[PDB]
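Enquirer: Spelled out, the chains give:
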Amino acid sequence: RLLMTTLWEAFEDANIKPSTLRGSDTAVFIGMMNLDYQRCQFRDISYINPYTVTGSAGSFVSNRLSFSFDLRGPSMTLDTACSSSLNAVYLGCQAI
Amino acid sequence: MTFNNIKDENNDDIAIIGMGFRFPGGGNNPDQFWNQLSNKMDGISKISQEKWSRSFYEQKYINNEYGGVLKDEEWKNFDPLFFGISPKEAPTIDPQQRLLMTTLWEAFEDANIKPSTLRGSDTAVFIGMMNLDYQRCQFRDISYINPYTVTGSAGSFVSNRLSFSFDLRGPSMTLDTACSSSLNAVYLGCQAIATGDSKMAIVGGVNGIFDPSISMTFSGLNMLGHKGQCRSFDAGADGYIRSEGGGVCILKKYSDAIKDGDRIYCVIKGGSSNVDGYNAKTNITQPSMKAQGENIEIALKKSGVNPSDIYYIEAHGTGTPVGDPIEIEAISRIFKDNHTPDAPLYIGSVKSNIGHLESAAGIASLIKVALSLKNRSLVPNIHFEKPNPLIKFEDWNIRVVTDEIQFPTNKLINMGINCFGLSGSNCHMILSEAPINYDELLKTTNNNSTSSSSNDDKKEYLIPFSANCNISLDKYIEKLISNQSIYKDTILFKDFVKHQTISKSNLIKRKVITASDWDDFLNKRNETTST
Amino acid sequence: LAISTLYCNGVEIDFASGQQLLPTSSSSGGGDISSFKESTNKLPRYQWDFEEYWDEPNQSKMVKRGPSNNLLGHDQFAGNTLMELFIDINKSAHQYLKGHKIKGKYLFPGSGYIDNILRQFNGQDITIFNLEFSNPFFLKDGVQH
Amino acid sequence: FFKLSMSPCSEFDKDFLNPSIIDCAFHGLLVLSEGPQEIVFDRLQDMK
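Protein chains in written order, with the deposited numbering: chain A, 98 to 193; chain B, 1 to 531; chain C, 869 to 1013; chain D, 1110 to 1157.
It should be emphasised that the hints constitute simulated quantities derived from the structure, not laboratory data. Keep in mind that a hint or two might mislead.
[Said to hold, decoys possible] Here are the simulated BS3-like pairs of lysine-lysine, each with C-alpha atoms no more than 27 Å apart in a straight line:
no.	chain 1	residue 1	chain 2	residue 2
1	B	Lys302	B	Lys253
2	B	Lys46	B	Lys386
3	B	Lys374	B	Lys386
4	B	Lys71	C	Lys959
5	B	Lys60	C	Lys929
6	B	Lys459	C	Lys910
7	C	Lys1008	B	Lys411
8	B	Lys475	B	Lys71
9	B	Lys458	C	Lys910
10	C	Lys959	D	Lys1157
11	B	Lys504	B	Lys259
12	B	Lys479	B	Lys504
13	B	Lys509	C	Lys910
14	B	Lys494	C	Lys910
15	C	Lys959	B	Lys76
16	B	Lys374	C	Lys910
17	B	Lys199	B	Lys259
18	B	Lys336	B	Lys392
19	B	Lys392	B	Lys290
20	B	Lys259	C	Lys910
21	B	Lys443	B	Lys458
22	C	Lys929	B	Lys76
23	D	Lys1123	C	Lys959
24	B	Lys46	C	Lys929
25	D	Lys1112	C	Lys1008
26	B	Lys60	C	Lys1008
27	D	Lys1112	B	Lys227
28	B	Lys511	C	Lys910
29	B	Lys7	B	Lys51
30	C	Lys910	B	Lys60
31	B	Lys259	B	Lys114
32	C	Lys910	B	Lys40
33	B	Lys411	B	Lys7
[What the hints assert, rightly or not] The following label-pair restraints were derived from C-beta to C-beta distances:
no.	chain 1	residue 1	chain 2	residue 2	range
34	A	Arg136	D	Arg1152	42 to 50 Å
35	C	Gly886	B	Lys71	36 to 44 Å
36	D	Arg1152	A	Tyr144	34 to 42 Å
37	B	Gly304	A	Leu118	24 to 32 Å
38	C	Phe1006	B	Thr402	52 to 60 Å
39	B	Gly84	A	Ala178	17 to 25 Å
40	B	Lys479	C	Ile871	23 to 31 Å
Even for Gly, the Cβ is constructed at its ideal location relative to N, Cα and C.
Chain A on its own, in the form it takes in the complex:
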């Protein structure tokens, strides 16, 4: 949720209308190490509804943004806990 909201805010900041960026390859590297909401979900293994993983898996941190903005570039998400996002910065520099 934070990623989508702040990404739209970042586009609004960057003087770019996201409408002009749909369908154009633009890689999306994000960082993450924790799944605290997922572990809050899994406190019981008698309920679990089938929409948990698709809402909390590792893949979706970047792929949800990608699907919500038609960014066709490579889409990954990084651990390396304390420097993960900076590693993602380096990978973005690589992909550019």
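Place chains B, C and D on chain A using the hints.
Expert: Chains B, C and D only, in chain A's frame:
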């Protein structure tokens, strides 16, 4: 015309000089895995009491009671003394990481490289992972937790533990993008080699199953099969079974690998990895025909080949009646214009043989394609009795491997690897035979052959044998003894001497044996008489 | 034997150059470098001194039991014995309960308590001195009671 | 006096006495009452 001055002008020429794996069904080394594929091994088995009770499946919480699993003790086993892991820290270490360290050392042993020569040299380490099932097993209670949990199970340590245990100073990351994570790591390794970051890159992925949580959640959406058998490209397609295991492959610049003369499985001609996004797409979990088509086209353009020169593709065929026709038609749009039914395009899926690797499918397909390339043959495909009617085979000049096929002995072989994550990511690479010709290699390989009769060959050598602990050394030598018949016919003793001299590294428990052939080896097996 | 002992006692030996195995001459083809590299693949890898390490809290064992076919349910090990259970009659092992329709609601059987009594004390001659059903148990659809 | 059918309620049930059998056993007693009624159980004493 001149044929000289041909060079790997693409930094997209990166070879694979070895591997290592723990795959369902018992694959542990390339030769045995190959012999298992050629005999239609079905790694799918029954998930035992250890992972979760059977009561789930019978009440269809977990829709299928099958899975491609390692033997549950093969997850537990380790040798923490070897890697400087005090046994106080062993229980808190992720079994995924245990698999990575063990299979990485095995991969080094395979790749004719002593790890001692690779300490302190930059060599990137990209591994893949999506699950932390052991960590969630740990955190079933939040009154106990000991402070050595996270350092034994966090995301960072899957790659960083290997890095710390082998002095690989290259960039060290670990990747999600669940179903194509390890293949994404392959692409990142190719990146880190081409851009001059490092002179070697180790790439793999792992996936461990230790809790019914993720399995239930997947079965709820009916992604997983109902009968229990993964079945690619057929009418019985009902869903893909989830499996365990992991592996790694070692990538080295082709010029450097040929310069040192190592066993080159194949050469990556490169590829690309993109994502569906919203192109011809409805929601997240709906693979896009156009996106995979574009991925294939981009990789083909970058590799500098023609689609008319693709002899095989490792299809991502899971066994879902929805996704398989979609991706097959995506492949068709590219290749059906450039093949004819007499010589069509062959596809396949390791997912059929070993089940679907939930997070290590990329490395599974990579190892399978590397093996098929090294051995100049195509493995069969199982569970293929009736094609799915949504697939237009003759209208697309597409065929599925049903029996082992030998490569034509006059054409360079190019094969492509497809693996799409469920979150839309598609990662594809183009692999190929190593460009060193082997038709003319007979003259130079016969230089050591037919040269064992000379008297200098009757000389008895001093073959060493090294290991960390005494029991490891004894196990090794007993294994060598037990195969007196197999080795005597396929390996000349001189090659074995060279191997035991160079390939193995020097460990503390050193042993020396004198022999001149196999009979002498079994005779003077030991010289413990009075000294 | 001497070279053997010096190798054993800690002295590193370059066995390759020692026996002129590696190319010490000017002429050694590509096959001389890689023939064994290709033929020794079948050799067993490093045998490991395997030890078994594992740590799953017993709570994880008590969770992996999943649902229960019988109506007694699974045991919460605590104090006086405590038998817990979750019911979703749509499932297979409790589907027959849907046949107990009363006033339009799938009411829990009266004899389900009797079955639980027999199960908890399985395999012994039992007497139920008295048993009193006070409140009714309604079982909806798709809701785990 | 009445004959009670014996069939497992589910493929995963392999005990001798299902709840279904025990509850059905009360139907013979219930048959013996006549006239429109809304009968719900309230007690039972001294089962052996």
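Enquirer: Determine for every hint whether it applies to the structure shown.
Expert: Each hint, compared with the structure:
Of the supplied pair hints, the one linking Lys302/B and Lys253/B holds, its CA atoms being roughly 18 Å apart against a limit of 27 Å. Between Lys46/B and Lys386/B the alpha-carbon distance is near 25 Å, which keeps this suggested pair within the 27 Å criterion. Taking the CA atoms of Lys374/B and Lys386/B, the gap is near 30 Å; set against the 27 Å cutoff, the hint is violated. Distance check on the hinted pair: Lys71/B and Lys959/C sit about 31 Å apart at the alpha-carbon level, beyond 27 Å; violated.
Restraint check for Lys60/B and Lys929/C: the C-alpha separation of about 20 Å stays at or below 27 Å, so the hint holds. Straight-line distance between C-alpha atoms of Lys459/B and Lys910/C comes to about 25 Å, which keeps the hinted pair within the 27 Å bound. Proposed proximity of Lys1008/C and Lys411/B is contradicted: the alpha carbons are some 67 Å apart, above 27 Å. This hinted pair checks out: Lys475/B and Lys71/B have alpha carbons roughly 21 Å apart, not beyond 27 Å.
The hinted pair formed by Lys458/B and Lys910/C meets the criterion: a straight-line CA distance of about 24 Å does not exceed 27 Å. The suggested pairing of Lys959/C with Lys1157/D is violated, with an alpha-carbon distance near 32 Å, which exceeds 27 Å. Under the criterion of a C-alpha separation no larger than 27 Å, the hint pairing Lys504/B with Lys259/B is consistent with the structure, at around 20 Å. Restraint check for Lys479/B and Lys504/B: the C-alpha separation of about 16 Å stays at or below 27 Å, so the hint holds.
Taking the CA atoms of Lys509/B and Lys910/C, the gap is near 23 Å; set against the 27 Å cutoff, the hint holds. For the given pair, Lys494/B sits about 15 Å from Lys910/C by alpha-carbon distance, which is consistent with the 27 Å threshold. Restraint check for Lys959/C and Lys76/B: not satisfied, since their Cα atoms lie roughly 35 Å apart, outside the 27 Å limit. With a C-alpha separation of about 14 Å, the suggested pair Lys374/B and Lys910/C falls inside the 27 Å cut-off, and the hint holds.
For the suggested pair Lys199/B and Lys259/B, the alpha carbons sit about 13 Å apart, so the restraint of at most 27 Å is met. A distance of roughly 10 Å separates the Cα atoms of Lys336/B and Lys392/B; the hinted pair therefore holds under the 27 Å criterion. A C-alpha spacing of about 18 Å is found between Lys392/B and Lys290/B, which places the hinted pair at or below 27 Å, so the restraint holds. Annotation: proposed proximity of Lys259/B to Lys910/C holds, straight-line Cα distance about 24 Å (limit 27 Å).
Between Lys443/B and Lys458/B, the direct Cα distance comes to roughly 24 Å. Compliance with the 27 Å bound is thereby established for this hinted pair. Straight-line distance between C-alpha atoms of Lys929/C and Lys76/B comes to about 16 Å, which keeps the hinted pair within the 27 Å bound. Using a Cα cut-off of 27 Å, the hinted pair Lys1123/D and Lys959/C holds, with the two alpha carbons roughly 17 Å apart. The suggested pairing of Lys46/B with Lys929/C holds, with an alpha-carbon distance near 19 Å, which does not exceed 27 Å.
Between the alpha carbons of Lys1112/D and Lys1008/C the distance comes to roughly 32 Å, so the proposed pair goes past 27 Å and is violated. A hinted pair counts as satisfied when its Cα atoms are at most 27 Å apart, and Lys60/B with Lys1008/C qualifies at roughly 19 Å. Distance hint between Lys1112/D and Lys227/B is unfulfilled; the C-alpha atoms sit about 39 Å from each other, more than 27 Å. Between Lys511/B and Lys910/C the alpha-carbon distance is near 21 Å, which keeps this suggested pair within the 27 Å criterion.
With a CA separation close to 52 Å, the supplied pair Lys7/B and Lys51/B exceeds the 27 Å bound. Under the criterion of a C-alpha separation no larger than 27 Å, the hint pairing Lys910/C with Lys60/B is inconsistent with the structure, at around 44 Å. Taking the CA atoms of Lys259/B and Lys114/B, the gap is near 17 Å; set against the 27 Å cutoff, the hint holds. Of the supplied pair hints, the one linking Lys910/C and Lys40/B holds, its CA atoms being roughly 20 Å apart against a limit of 27 Å.
For the given pair, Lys411/B sits about 20 Å from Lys7/B by alpha-carbon distance, which is consistent with the 27 Å threshold. Checking the proposed 42 to 50 Å range against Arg136/A and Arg1152/D shows it holds: the Cβ atoms sit about 47 Å from each other. Separation of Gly886/C from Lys71/B is about 42 Å and conforms to the stated range, judged on CB atoms against 36 to 44 Å. A C-beta distance of roughly 35 Å is found between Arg1152/D and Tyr144/A, which places it inside the suggested range of 34 to 42 Å.
Between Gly304/B and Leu118/A the Cβ separation comes to about 30 Å, which falls inside the hinted range of 24 to 32 Å. Checking the proposed 52 to 60 Å range against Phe1006/C and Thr402/B shows it holds: the Cβ atoms sit about 56 Å from each other. The hinted window of 17 to 25 Å between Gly84/B and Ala178/A holds, with their beta carbons roughly 22 Å apart. At roughly 25 Å, the beta carbons of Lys479/B and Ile871/C sit within the given window of 23 to 31 Å.
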